[PDB]
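With the sequences and hints as input, model every part of the structure.
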Amino acid sequence: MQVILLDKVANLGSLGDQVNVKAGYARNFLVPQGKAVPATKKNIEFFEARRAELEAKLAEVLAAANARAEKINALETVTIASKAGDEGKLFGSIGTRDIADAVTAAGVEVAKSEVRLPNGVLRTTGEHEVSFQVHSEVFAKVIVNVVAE
Amino acid sequence: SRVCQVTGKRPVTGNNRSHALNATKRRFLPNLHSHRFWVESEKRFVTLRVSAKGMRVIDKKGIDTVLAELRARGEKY
Amino acid sequence: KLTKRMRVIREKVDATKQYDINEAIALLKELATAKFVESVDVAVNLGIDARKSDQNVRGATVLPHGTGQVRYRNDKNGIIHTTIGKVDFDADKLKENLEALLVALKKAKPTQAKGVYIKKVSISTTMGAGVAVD
Amino acid sequence: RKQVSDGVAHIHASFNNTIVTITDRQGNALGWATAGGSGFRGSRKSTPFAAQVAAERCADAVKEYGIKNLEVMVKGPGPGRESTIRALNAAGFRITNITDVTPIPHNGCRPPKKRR
RNA sequence: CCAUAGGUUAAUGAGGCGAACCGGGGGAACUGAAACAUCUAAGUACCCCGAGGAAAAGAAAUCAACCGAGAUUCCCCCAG
RNA sequence: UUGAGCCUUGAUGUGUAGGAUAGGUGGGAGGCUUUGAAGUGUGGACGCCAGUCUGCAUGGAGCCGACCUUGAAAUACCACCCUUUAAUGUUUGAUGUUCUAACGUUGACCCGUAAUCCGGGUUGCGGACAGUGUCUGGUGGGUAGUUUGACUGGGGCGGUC
RNA sequence: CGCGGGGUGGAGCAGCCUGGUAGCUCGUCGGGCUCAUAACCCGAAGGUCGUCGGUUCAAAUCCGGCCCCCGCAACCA
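Chains as they are written, first to last, in the deposited numbering: chain g, 1 to 149; chain x, 1 to 77; chain a, 3 to 69, 159 to 225; chain P, 12 to 127.
A portion of the hints provided could be inaccurate.
If you anchor each label on the Cβ, the simulated ranges turn out as follows [unchecked claim]:
#	chain 1	residue 1	chain 2	residue 2	range
1	P	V112	g	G120	35 to 43 Å
2	x	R44	g	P118	28 to 36 Å
3	x	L29	g	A65	48 to 56 Å
None of these hints come from the bench; they were simulated from the model. We treat Cβ as the ideally placed atom computed from N, Cα and C, and that holds for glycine.
Shown next as structure tokens:
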């Protein structure tokens, strides 16, 4: 299925070629995520005149406007108090909106769609570093402790 | 009922012709599936009970152009 | 495995570029740059084989040019190999000379051929690589 | 081939038969030879000589690995033991260390009643 | 958040009955074959939906035989 | 991960006679080299371990044609490709692992709402499986339609046609 | 109506693929053994491979036919 692109992609396409993907890849993922638009002829001529440089490069500059809000977390080191047992043994480990809204009051306006955890749901006690892909290109890196309440 | 909301396929009938040509009645059911479709204009998901051929029509015509004529036939997606 | 003679030859003859009618006749002259005059090596890739000997073709070339009326032999895996003259003969001389074998092979038809006789020819200047004329 | 240098020779010297398995250090087997495979079906495999030819027939089954250092692990009651090690020493292997790994229980499983 | 879903009110229309005919969706079996299964009975009986005074079809991507004919419907022949 | 096809540098198969890890015939009987040789050292690879090969490079401008005995001609140049290898690209396939965005949810929560249905929304877990459609093999007295001969000293059994 | 497979001393099994260099298990005989039988070790006698054609420097194996036994799936005078 021939389709033209709107963001770059995590793969083969680079904003302006019309790659031929399988029909499930376009219909279920690319078009509702706004990373593509189907390549009928009325959209191909919509691409070269309207799309190709006007606000297609609104996206990359707004990515670069987020590539410093990438590092508007100048502290990257937030501890969260939740009651535990003696010697570790947490009652309930913090999740990912439990860490997104933790950094909301202490830095960046981030929801849990943008938080990526390497190892589970951070069950234990100690300074562990949770990754942050608010951005599509490069992650951000935030150290987090959890102590007993 | 088992009708595609786009094309309007219906469960037609036929025969089960055996090897010795014994005709027994049967039914052909039209491959229906419920599928959420992302309409870009309305900025939402519309769930339609379509056949598999109906998805190709929505992948050939516009979704909203297809959904324009479901409005014209008095369908209520 | 390959040295400075066919180093110049094998990228000047393109064996995987299967040439057309009036293409391959002159582009193989640069592959005979030795102290001695080199001749032709013709390999009409046929539809014959020695499954049994009813698919055998012998014969001759009734050729006024020659090396000469040249005869030929059969192979078992189904390759012909002839020699019809020299390559220091002029350029378009090879065009009528290659297809004079095929008018000699069209009348040389094998009787147990369940298929077309030839598919496509490749020739060589006896020391280089294959030149795929039609 | 992998061509490993140091290896382990296991010897299963049971009462009826002896099995000589040459492995690497980790335990992965490389080749083996028993007394029954060398002929000697019956009473002849229960002798020390059939153990000797079983070790020799196992030495040239690992010629493609070029083992030079062998540590021997003998296990069992059989007459194989003190003759199948000498066959490895004559075979051109350097005996790094010998140990017996004979499994002796710390008293529990009922053994059979057998043989009146 | 917007917006939709929903709610309320008003306007307009439908609903139900009826004999046959008509279009469509489903659709038998006894019977005939001197048994019977393919096949017949028959797309009949029946069920269901829909409409009109008629309904259906209907202006050739039709036929014809190189000569031509010119939408559909119905009757008589072709022809058992 | 990985076959299987495919592009191509590159690669393969000594019975014996008797120098000859050479597939069949030859074309043609010389390629070759100082845009720096025969003989060698070895990392290996291969192996009926018989024997050939190549790379940092030593050596470093000469090696060598049918001659030798051969049933045969010498990757000294050779064509097309045979058994098997080669790496580069392609083609899908095969599994395997992971993902989530289809799809599932007879998990939790919110709203429609005074509602154990339903729908929508968050969220969790599954996840391209499951499931359904078409096609297809197997199974299928669960069900259905039917068949199951005639003569015959009554019919059956026996025999016969 | 078609896919491949098995047929090897009296009796049963390998080596088929990668061609030459027909081996075993028992039963028969001959030795050794034992107080005797059994067992056991050595050696031997019995088939040129169901049959018919091919090629090569050499085939019992490979190439097709032809026969019997299959194991199946197929099969509407």
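Going through the hints against the structure:
Take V112 of chain P and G120 of chain g: their Cβ atoms lie about 41 Å apart, and the range 35 to 43 Å holds. Distance hint for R44 of chain x and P118 of chain g: a CB-CB separation of about 34 Å, consistent with the stated range 28 to 36 Å. A hinted range of 48 to 56 Å holds for the C-beta pair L29 of chain x and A65 of chain g, which are about 53 Å apart.
The structure shown violates none of the earlier numbered hints.
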